[PDB]
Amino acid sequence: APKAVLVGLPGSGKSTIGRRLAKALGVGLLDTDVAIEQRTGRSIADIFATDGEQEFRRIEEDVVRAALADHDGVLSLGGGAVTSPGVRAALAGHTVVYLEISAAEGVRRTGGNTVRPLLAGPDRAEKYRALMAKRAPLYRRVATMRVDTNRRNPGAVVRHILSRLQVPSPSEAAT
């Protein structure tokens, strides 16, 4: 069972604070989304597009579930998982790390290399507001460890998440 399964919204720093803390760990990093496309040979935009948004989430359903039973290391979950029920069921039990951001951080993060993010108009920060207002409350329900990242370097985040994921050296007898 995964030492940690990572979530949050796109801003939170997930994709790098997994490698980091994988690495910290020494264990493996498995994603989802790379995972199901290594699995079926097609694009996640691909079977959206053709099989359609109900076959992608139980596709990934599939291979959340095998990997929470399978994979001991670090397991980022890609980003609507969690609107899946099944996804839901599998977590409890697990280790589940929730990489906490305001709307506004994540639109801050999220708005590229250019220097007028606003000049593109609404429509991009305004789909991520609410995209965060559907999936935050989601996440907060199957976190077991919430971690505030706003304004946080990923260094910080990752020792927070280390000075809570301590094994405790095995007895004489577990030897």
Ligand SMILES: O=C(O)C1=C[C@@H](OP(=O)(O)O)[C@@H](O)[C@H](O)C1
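Numbering follows the first chain given and starts at 1. Just so we're on the same page, rigid core means the largest C-alpha set that superposes within 1.5 Å between forms. Compared with the form solved in complex with the ligand:
When both forms sit on the same rigid core, the CA shifts between the two forms reach 2 angstroms or more only at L118 out of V34, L118, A69, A130. Core-superposed comparison between the two forms: the Cα of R108 travels 2 Å or more.
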Given for the second form:
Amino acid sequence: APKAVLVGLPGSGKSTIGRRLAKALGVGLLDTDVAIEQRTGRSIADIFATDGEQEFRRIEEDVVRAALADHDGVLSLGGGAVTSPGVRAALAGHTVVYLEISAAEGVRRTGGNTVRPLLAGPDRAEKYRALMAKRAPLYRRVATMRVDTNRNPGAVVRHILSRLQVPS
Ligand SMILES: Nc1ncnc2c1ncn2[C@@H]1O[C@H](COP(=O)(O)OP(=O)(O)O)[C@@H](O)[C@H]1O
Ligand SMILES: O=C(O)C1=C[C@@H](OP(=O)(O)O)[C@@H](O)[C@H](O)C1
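Hand over the structure of the form solved in complex with the ligand; the form deposited without the ligand is what we had up.
After this comes the whole thing, all chains and molecules, with the earlier chain placed first.
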């Protein structure tokens, strides 16, 4: 099972922190979005565009569940994976690091030309707020560790490592 599962909104630092945390723990990084792409042979964007969000979530849930069983490193979940009840259920018992970000910094971090089905213009800020407001309690319910990332990646990682190692 994963040493740590990373959850957070897009732009919260999953890929950055994941790479750095993985390195620090001497383990591999798996991103569930990449495994979805690997397994389906299809882009995340095409599944959304053609098949729709709900089929995406079921695929995503299956991939999350397998990864929770087969991956021994740091696992990062796509931002909406916690909207699925069965994903939250499967996360029970795991080490789950919620990377928290404010709207304004998250907006700022997600601004370039990455294709994002649920966060395209115009009005990305509005859309970011709606995703944050809706998902905050969902991230909170699965998290075993809340990490404010609004700090330096290196710092965030030292904090995570520390908190993985010692009693509450
Ligand atoms: N702890 C942090 N503080 C400030 N900026 C960060 C931090 N972690 C990541 N970033 C920045 O946020 C952007 C997106 O980070 P990323 O790791 O791709 O988030 P996610 O993978 O959750 O979408 C990048 O520009 C990255 O440099
Ligand atoms: O917010 C979401 O629901 C999504 C976030 C993406 O993952 P990241 O959070 O890694 O960008 C990806 O799974 C898809 O576009 C849906």
